Every structure is written in structure tokens, then in C-alpha cells.
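Residue strings, one per chain:
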Amino acid sequence: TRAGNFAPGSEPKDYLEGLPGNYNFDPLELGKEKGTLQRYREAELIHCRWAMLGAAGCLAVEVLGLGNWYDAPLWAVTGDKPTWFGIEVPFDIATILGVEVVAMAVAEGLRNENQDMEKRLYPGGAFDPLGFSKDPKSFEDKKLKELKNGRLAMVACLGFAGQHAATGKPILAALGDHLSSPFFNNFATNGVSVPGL
Amino acid sequence: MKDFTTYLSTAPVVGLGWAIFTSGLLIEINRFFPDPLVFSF
Amino acid sequence: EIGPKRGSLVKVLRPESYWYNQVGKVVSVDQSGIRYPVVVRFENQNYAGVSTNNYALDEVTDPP
Amino acid sequence: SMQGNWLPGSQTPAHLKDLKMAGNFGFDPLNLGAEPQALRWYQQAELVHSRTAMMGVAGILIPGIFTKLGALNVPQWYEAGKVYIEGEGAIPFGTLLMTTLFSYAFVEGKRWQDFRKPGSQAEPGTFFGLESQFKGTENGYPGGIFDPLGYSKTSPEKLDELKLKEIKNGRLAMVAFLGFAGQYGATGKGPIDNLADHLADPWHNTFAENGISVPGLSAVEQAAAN
Amino acid sequence: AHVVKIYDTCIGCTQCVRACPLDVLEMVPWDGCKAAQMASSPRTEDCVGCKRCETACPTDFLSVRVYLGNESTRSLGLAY
Amino acid sequence: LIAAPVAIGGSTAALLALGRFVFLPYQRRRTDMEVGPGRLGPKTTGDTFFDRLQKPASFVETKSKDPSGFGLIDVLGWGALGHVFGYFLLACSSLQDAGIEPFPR
Amino acid sequence: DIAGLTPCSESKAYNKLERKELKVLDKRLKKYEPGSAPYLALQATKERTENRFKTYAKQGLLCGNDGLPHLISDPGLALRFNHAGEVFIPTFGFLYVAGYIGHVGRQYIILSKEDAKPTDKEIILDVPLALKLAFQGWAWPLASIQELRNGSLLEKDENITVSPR
Ligand code: CLA
Ligand SMILES: CC(/C=C/C=C(C)/C=C/[C@@]12O[C@]1(C)C[C@@H](O)CC2(C)C)=C\C=C\C=C(C)\C=C\C=C(C)\C=C\[C@@]12O[C@]1(C)C[C@@H](O)CC2(C)C
Ligand SMILES: CC1=C(/C=C/C(C)=C/C=C/C(C)=C\C=C\C=C(C)/C=C/C=C(C)/C=C/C2=C(C)CCCC2(C)C)C(C)(C)CCC1
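Taken in sequence, the protein lines are chains 1, J, E, 8, C, G and F.
In terms of the deposited numbering, the numbers along the first sequence are unbroken and rise by one, the last being 228.
In terms of the deposited numbering, the numbers along the second sequence are unbroken and rise by one, the last being 41.
In terms of the deposited numbering, the numbers along the third sequence are unbroken and rise by one, the last being 123.
In terms of the deposited numbering, the numbers along the fourth sequence are unbroken and rise by one, the last being 253.
In terms of the deposited numbering, the numbers along the fifth sequence are unbroken and rise by one, the last being 81.
In terms of the deposited numbering, the numbers along the sixth sequence are unbroken and rise by one, the last being 141.
In terms of the deposited numbering, the numbers along the seventh sequence are unbroken and rise by one, the last being 232.
Note that these hints are calculated values from the structure, not bench results.
Backbone N, C-alpha and C fix where the C-beta goes; we use that ideal spot for every residue, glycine too.
Certain hints may be false.
What the hints assert, rightly or not - Just some of the chain G residues that point at chain 1, by a computed CB distance under 7 Å:
1) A50
2) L54
3) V58
4) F59
5) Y62
To be verified - For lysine-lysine, the following DSS-like pairs were computed, each having C-alpha atoms within a straight-line distance of at most 25 Å:
6) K2 (chain J) / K180 (chain F)
7) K84 (chain E) / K180 (chain F)
8) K125 (chain F) / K216 (chain 8)
9) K190 (chain 8) / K137 (chain 8)
10) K192 (chain 8) / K180 (chain 8)
11) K44 (chain 1) / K137 (chain 8)
12) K44 (chain 1) / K179 (chain 1)
13) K109 (chain 8) / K125 (chain F)
14) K2 (chain J) / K188 (chain F)
15) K84 (chain E) / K35 (chain C)
16) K199 (chain F) / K2 (chain J)
17) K184 (chain F) / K64 (chain E)
18) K35 (chain C) / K70 (chain E)
19) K125 (chain F) / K79 (chain F)
20) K190 (chain 8) / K144 (chain 8)
21) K223 (chain F) / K70 (chain E)
22) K180 (chain F) / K70 (chain E)
23) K84 (chain E) / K70 (chain E)
24) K90 (chain F) / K121 (chain F)
25) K95 (chain 8) / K216 (chain 8)
26) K137 (chain 8) / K179 (chain 1)
27) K64 (chain E) / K35 (chain C)
28) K195 (chain 8) / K44 (chain 8)
29) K144 (chain 8) / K63 (chain 1)
30) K144 (chain 8) / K162 (chain 8)
31) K162 (chain 8) / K44 (chain 1)
With the hints as constraints, model all of the structure from the sequences given.
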């Protein structure tokens, strides 16, 4: 049931067998204990979901031509009216912070109090209104695809952060620079990712 | 020769032979070559 | 008869002894039923100067 | 088994007497190859040091030989790095070093995992289906796509002869590269110019004549001349 | 005075009583050793704590132990 | 600068609502693995006057007039948290209104 | 030019120190005839002084506000700037010899311990085995790594004397 190997010929860890996204990846023997393994599993799942959300925001700000993700929250610094999808919401920044902190507080308070491992990982019910998880085969297929795209998005978020920390150009500008002259425009040409080129 | 070279093999003579060898090696290095500070070949 | 073989190498697990977790050679084991019948001899002296000591049955096991 | 001897009359180590090896001459006075797969790891280290030394020396002499004959204007090896970098079609040094490091780490990662478990890279459905021939038949001798001409599927007595020829030319190029760096360090000229100097004038063109290799020997010559 | 204690590790070389120049230690019959002897300290109030019995003790650790404290005119070794 | 009464009241109402409707089921479970039956429980026994002072108070364990376990002590603590958060927000608004920018530029 | 230190080739205090040393060295030169042996020794000392000042300069060495050359200790900073010869390469240079002495002492200790009355071997050295191990210790880190993995370098504490606390 393993979905591949992170290295052909690696030592098969016995504590990652019946889990989605199993590549036998870890060589540091992390999550040997079952409870710590489940805690790291749910932490990875919700971290990758937040990585989905962040990558979606950072890409939809580019493909819609509405600006860049980094100067999007600069509206509070200059104190002008914020814009989202050309709607011009009138809410004040302090009200945004208050409603965000109370909404995320109630969300993570109701989420943490499930007190059962399977629904702490995969709750279902109200959070799954489409109901495509009726059969186990498609359910585990979508589990594998979700975990794969989630690990990819977790890499992508740090990629966006490092790309903006190196150069001030947006994501699409960096993609076009690597498309035009990859040998002349990459992470090794800026001279800041690796010391002394 | 065996009876004398058994005494020759004890620690005080070894306390000289290593000392003479290393000391003379450092004297010849500091003599033929001048006093350097940097190992820039 | 009740202790290890004479001349066999044994390990001492007495905590307060100088030869804790060391290897000694059995020189004699008393059969009269005394407190410390297993008498062993060590190659290295202690701080006092002696090289032999006696231990009980539970303080002597074979080293690996 | 044992063929030849690096030093006739010397005491052979016990781990090198009855050992079936490519180019074994009993040359291990330090007894580094006493343990068995420790010698297997150092066999792979010797093979992979020699194979890149073969390509390195051939990349030095053959362009150097053609430079002497005047066919190509390829520069010397020690200044070839600055020649390409200062050119107008130069990939930057940081990009080249990162690409070399990334490509070799992927290659040497497969080579490493082959060493720990032999034949472990032949697991199906890993390298797009062509990893079935990626099983190493011998430590340091993978075969498969690395021998596409079928020059290893021959008689066994010819195989160790080819292995002996590989390690012998491998060691010879390996001391050659040390000579190449030493001769650039002392004379400051390429191996082709140094070879022509020794052929045309052997006595006055010697490492003993140059004061870099043996310091103070030129002062002995000057003191004896005066 | 000082407290002198003898443990069961004693096997009776009857030499700890010779090294003590104060007649503190005495030897009683016993059954826990080959020599059937065991050190005893009847006149423990006359001990000064010179630890010569500890120097004479061959067992590791020592069978006889002398503990300092609560000094008096006899344990301090004053003739005045 | 944000008006003080509305901000303070909103912050303390939000914190009280979080304490009662959200943080209360997670409460009385951390304490149950802290001062529960088989674990630590009472640090003292109670014999003398200086030893009865560490005994629990008389008004903190009576019963629960609220439908949940939200008592007077919890009301005071979550109201203190709400006052703290409201004063923090008001302080940040005051620092912004003075022309001083605490955030990195 | 790191940490506010000028290079030794372009330092005024470095040249002023050189001029001061040449002045005091030439002060003693006036008390001897040029054809004397103390004059030759003083001339050789002055030549060694001039050679040392020349070689200390133009080698990447730097100094600051004192005329006395400074050493850069941080790796990377001593690698991006040409300062690895100060302490970076002497670090591995010392460690090679330091590991050489530790390895040959370990092999001699191991070899002597598998012998009757090994305490005598420490005060009665044997020359052919010690000299053989002395010339068989060039590959000390290669012997050290292989013994580390397999447990021959270390020892489990069940045969190690430990304190009774
Ligand atoms: C070659 C034998 C040898 C080896 C491998 C070690 C190894 C060690 N010792 Mg020890 N040490 C030795 C001899 C040796 N010591 C001797 C002879 C003495 C008495 C002077 C000491 C005194 C000593 C003390 C007081 C301490 C150590 C400590 C240490 C540790 C730190 C490493 C180090 O450099 O310490 C520094 C070692 C010294 C300063 C001693 C230098 C004496 C010379 C160099 C040894 C000469 C040995 C000789 C040449 C070997 C014969 C060669 C053979 C061919 C005949 C390490 C486990 C330290 C520790 O516990 O760390 C965890 C510690 O506190 N050692
Ligand atoms: C959650 C996350 C990203 C969240 C992003 C968000 C909310 C983005 C929001 C916004 O962008 C928008 C949309 C628009 C912007 O205008 C504003 C902001 C607000 C900025 C990333 C996680 C990112 C998570 C990452 C990168 C995790 C990396 C983990 C690694 C490397 C693990 C290491 C090991 O694997 C090794 C190396 C070896 C093994 O032995 C051991 C282990 C420990 C397993
Ligand atoms: C009666 C009742 C009710 C009601 C209640 C309420 C409404 C309450 C509220 C409350 C609130 C609404 C609040 C509270 C509070 C408390 C407290 C206790 C507080 C505290 C505070 C503090 C402590 C502060 C502090 C400070 C200062 C002093 C200064 C500086 C800043 C700060 C902030 C730090 C109901 C109907 C529901 C039911 C029935 C009964």
C-alpha cells in the first residue's frame, strides 16, 4: 500500500505502513511513538492545508493581475482603503484583526475538542458537503493526492518566501526570468542564497 | 649489546630521542626558513 | 562447587569496590558457607596497594 | 589472487594474500584494508577517484597535445577556468558549481544506496522502468546501461584482465594529476611544455633544478659555483 | 568520642589491632569468614581517629571505618 | 485612536464568550490531569491555622449557577484577559495616532 | 578591509614600525667595523627583518591602528577573503598531527595491553613496534573513522570503572 519510496533501497520503517502519503521518507526516526506520530500527522495535515491556502492566495493575486502578495498587506501601512477582487470593503484594520483573531480562536477551539483521533485527522460530515468520500478507494486516492499536493505547497510557500527575500520581483516575474535565461537568472546568480556564489 | 640496548629503550632515553628529534626539526625549520605568520603557500 | 569455576574470568558489580565493572580472576571459592566466599585476584592494584578481594555470590557474574 | 608485488621481500599483510582483487600488489603497510567491506568501500573510493582522474588527465593531455600540433586554440588547464568565465558565452560560476553539485549528488546518491544494499536500485517502477538494468553485479562495477556495447559479457578470465587494465591505467593517471598540479606549482607551465623541455633539455630541466620543489638546493648549487 | 564501626566484610588478618597504638580494637570469634574472627571496638571512647586501622585494612572497601566528631580530652591526644 | 468603551467592551465580551462557549470544554480537562483524583490533588491535609490557609476557598467549589462550569473566578480571569486585550489594542491605536510607526518599513 | 583593518601593504603605522626597527638596528651598526663578525650578524638580522616585513605584507595580511598585523578567525570570512592561511589551514594542519599522536598512542596502548605484565611496557619501550606504528600513522583519520562505526574505538560502560556516587 506504499505510494513509493523517497530513496530506492531505503530501510523500511515499520511505523509508517498504514498511512496515506507513505514514502518511508524519514531517516531521523521521528514519530517512533504512536501518539507523537499521530500528533505530527495532524500537524502536517493542517500545515499543508494552510500551505494550500497561502499558495492559492499568492497565485490568485498574480494570475488576476491585482498586485503582488507582498505589497498586498501594505494598505494598512499607508492607511488607504483595502481592496479585494475589486469590491472595496470598508472595514477598519482593527476590526479586521479582532474578527480574525476571534474567528480563528473559535475555529481552533472547536477543532481541538474533537477528542477522537480519526475525526481530528479527517472529520467529515459538515466539512464534507460534496460527499465524495463514500467509497474507501476514492477516499484514499483523494487522501494521497491531497497529501502530495500539500507537501508540494508546503515547499512552495517557503519557495515564495525565499524568492521574495532574495529578489523584490514577484512570483510570475521570477518564473519568467527562469523561463527566459535560466542559466543567467536563478538563485545562484543573486549571490545571497549561497555565500560567494 | 642486548643488555645495553635494553637500557637504551627505556623512557628517559625516549624522553631524549623524541625531544632531540622534534627540537632539532623545529630549529632547522625556523633557521632555513624565516619567521612566518600566514600559511599562504 | 556453589560458585564459579576456579581460574575463570569474572566481573564484579560491587558499587563501593574499586574494581566495579572490572574483570578479575578467581583464585579460590570457599565452601564453608561464609559471607563472601568468592575470592578473586585482580591485575591492577587499588589505592591501598592490594590486588585481591572477596565478594559474595550476587556480586560475581561472567563478563560478556 | 596475488599477482606481482609492490616491494619484493616485504611482509605481505594477511588480508591481501588470498584476496581476489583487481591490481593487488600487497601495497598496504598501514593495514587500512584489514576489515572486509571497509576494503569494499575503499575499493569503490579508488575506482571513483581513478575514473574521474582518467577523464581529467585526458582532458588535460589531449587538448594539450592538440594545442602543440596547432589544430585547436584550447588554452592550458590551469587557466581554463578564467578563460571560459571571462568569455562572452559564460554560464556564471555560481550556476555551474550549483549545477555540478546538484547533478553529482543525485548520481552519487544512487551510487551510495547501491553500496549499502547491492541491487537495491532495481526496485520496479522507480526510475521510469529503466532501473531493471541498474542492478550492480559487483561492488564498484554496476554494468547495465554503463556497458551498452557488451564489452563485459565475456569470459571471466578476460574480465579481471580488463579490471586489472582499468586499475593500472587508473592509478597511472592518478599520479599523473598530482604531477600536473605539482608541475604547475613549481614550473608554472603545462605538462606538454614540461615534457618538451625535458625531451629537448633533460639535465637543466629537472625538479631538482627548480628551487620550488626542493628549497635550498639552488643555494647549494650557488655556493658550489662560487 | 569518635565512632568506630566494623562491617561484615572483615575476614580476620588480625593486623588492624596491631596498627592501632591506643587499644581501641579487639578481636572476637565469628563464623562469617575463613579465619572465624571479626574486629570489635570495646574501648571506642579511647579512639582519636588516627585511621591507622584504615591503612592496615586490606579489604575494598574497608571493613573498619572511623568517623570523626564529638571530640574530647582523650580523643584530642592532649597530655595537658 | 479608537474609542475606549466600545473597544474595551467588545474585547472583554469576545474573551468571555471564548472562555465560556469555546475554552470551557478544554478547561476542566487540563486541570483534571493536574489536580485529579489519582494524581496530585491536595497538597496539604489541614490541622492548624497556618496549614488551612492553603486549603481551597469556600466560594470556588459550591455549584454552577451558569449552565456550564463558568464560575465567578473564571468570569474575573477572562474579564481581566479581555481588559488586557482591549488596552493592548487601544495602546497600539494610540501609538499609530501619534505619527509613530512601530512596524518595520 | 574587514573589521576596520587596513592591509599591511597600505598601513602607515606598519611602515613607521619598520622604520623604527631599522633605526634601532642601525644604531648598533655604528659601533662595529663593517668587516667584523658582529657586523655580519647584525646585517643578517637586518636582512631577516626586511624579509619578514616584506613577506608579511602583500600576503593578504591586515592590521588596524597599531602597525601590528591581525589574524582573521571566522571561517567563511577567511575563505571569501584571502585569509585562510592565518588560522583555517593551520587548524587542519595541527589536527592532523594531533590525531597522529593520539592514534599511535592508542595503537601502542592496545598492542601492549595484549601482552604479559603490560605495565612494564610503558616504562620499557620497544623501538621496532613503536617506530613501525610511528610510520604507520599517516592515515590516522581513516583508521579513526572505521573504528568509530564498529565499536573497536569505543567501549560500552559495562566493563568501565564508574563512580559509586
Ligand atoms: C596518546 C595517548 C593519549 C590519548 C589518546 C589521550 C586522549 C585523551 N585524553 Mg589524555 N593524557 C595522556 C595521553 C593520552 N590522552 C597523557 C600521557 C597524559 C598525562 C600528561 C594525559 C592527561 C590528560 C588529562 C589531564 C586530560 C586528558 C584528556 C584526554 C581527552 C582529550 C583529548 C586531548 O588531547 O587531551 C589532552 C591531552 C593532554 C594535554 C596530554 C598530552 C600528553 C602527550 C601529548 C601524550 C603523549 C603520549 C605518547 C606520545 C604516546 C606514545 C606513542 C607510542 C608510539 C609509544 C582524550 C580522551 C582530558 C579529558 O578528560 O577529556 C575528556 C583531560 O582532562 N588527558
Ligand atoms: C503553513 C505554511 C504557509 C502558510 C501561508 C499563509 C497563511 C499565507 C498567507 C499570505 O500569503 C497570502 C496568501 C497573501 C499575502 O499577501 C499575505 C500572507 C498572510 C503572507 C507553510 C508551511 C511550510 C512548511 C514547511 C516548509 C515545512 C518544512 C519541513 C521540513 C523541511 C522538515 C524537515 C525534515 O524532513 C527533514 C529535512 C528530514 C527528516 O529526517 C526530519 C524532518 C523534520 C521531517
Ligand atoms: C450577572 C449575570 C450575567 C452577566 C454578566 C456579565 C455581563 C459580566 C461581564 C463582565 C465583564 C464585561 C468584565 C469583567 C471583568 C472582570 C475583571 C476582574 C477585570 C479585571 C481587569 C483588570 C485586571 C485590568 C487590568 C489593567 C489595569 C488595571 C491597567 C493597565 C491595563 C490592564 C488591562 C493590565 C448574565 C446575564 C450573562 C447571566 C446571569 C448573571
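Hints and how they fare:
no.: 1; hint: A50; verdict: holds, 5 Å
no.: 2; hint: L54; verdict: holds, 6 Å
no.: 3; hint: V58; verdict: holds, 4 Å
no.: 4; hint: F59; verdict: holds, 6 Å
no.: 5; hint: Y62; verdict: holds, 6 Å
no.: 6; hint: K2 (chain J) / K180 (chain F); verdict: holds, 24 Å
no.: 7; hint: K84 (chain E) / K180 (chain F); verdict: holds, 16 Å
no.: 8; hint: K125 (chain F) / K216 (chain 8); verdict: holds, 24 Å
no.: 9; hint: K190 (chain 8) / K137 (chain 8); verdict: holds, 22 Å
no.: 10; hint: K192 (chain 8) / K180 (chain 8); verdict: holds, 16 Å
no.: 11; hint: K44 (chain 1) / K137 (chain 8); verdict: holds, 20 Å
no.: 12; hint: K44 (chain 1) / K179 (chain 1); verdict: holds, 19 Å
no.: 13; hint: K109 (chain 8) / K125 (chain F); verdict: holds, 22 Å
no.: 14; hint: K2 (chain J) / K188 (chain F); verdict: holds, 17 Å
no.: 15; hint: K84 (chain E) / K35 (chain C); verdict: holds, 20 Å
no.: 16; hint: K199 (chain F) / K2 (chain J); verdict: holds, 20 Å
no.: 17; hint: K184 (chain F) / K64 (chain E); verdict: holds, 24 Å
no.: 18; hint: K35 (chain C) / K70 (chain E); verdict: holds, 23 Å
no.: 19; hint: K125 (chain F) / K79 (chain F); verdict: holds, 15 Å
no.: 20; hint: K190 (chain 8) / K144 (chain 8); verdict: holds, 22 Å
no.: 21; hint: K223 (chain F) / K70 (chain E); verdict: holds, 14 Å
no.: 22; hint: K180 (chain F) / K70 (chain E); verdict: holds, 18 Å
no.: 23; hint: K84 (chain E) / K70 (chain E); verdict: holds, 9 Å
no.: 24; hint: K90 (chain F) / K121 (chain F); verdict: holds, 17 Å
no.: 25; hint: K95 (chain 8) / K216 (chain 8); verdict: holds, 13 Å
no.: 26; hint: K137 (chain 8) / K179 (chain 1); verdict: holds, 23 Å
no.: 27; hint: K64 (chain E) / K35 (chain C); verdict: holds, 19 Å
no.: 28; hint: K195 (chain 8) / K44 (chain 8); verdict: holds, 19 Å
no.: 29; hint: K144 (chain 8) / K63 (chain 1); verdict: holds, 24 Å
no.: 30; hint: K144 (chain 8) / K162 (chain 8); verdict: holds, 10 Å
no.: 31; hint: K162 (chain 8) / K44 (chain 1); verdict: holds, 23 Å
Taken one by one, the earlier hints all hold for this structure without exception.
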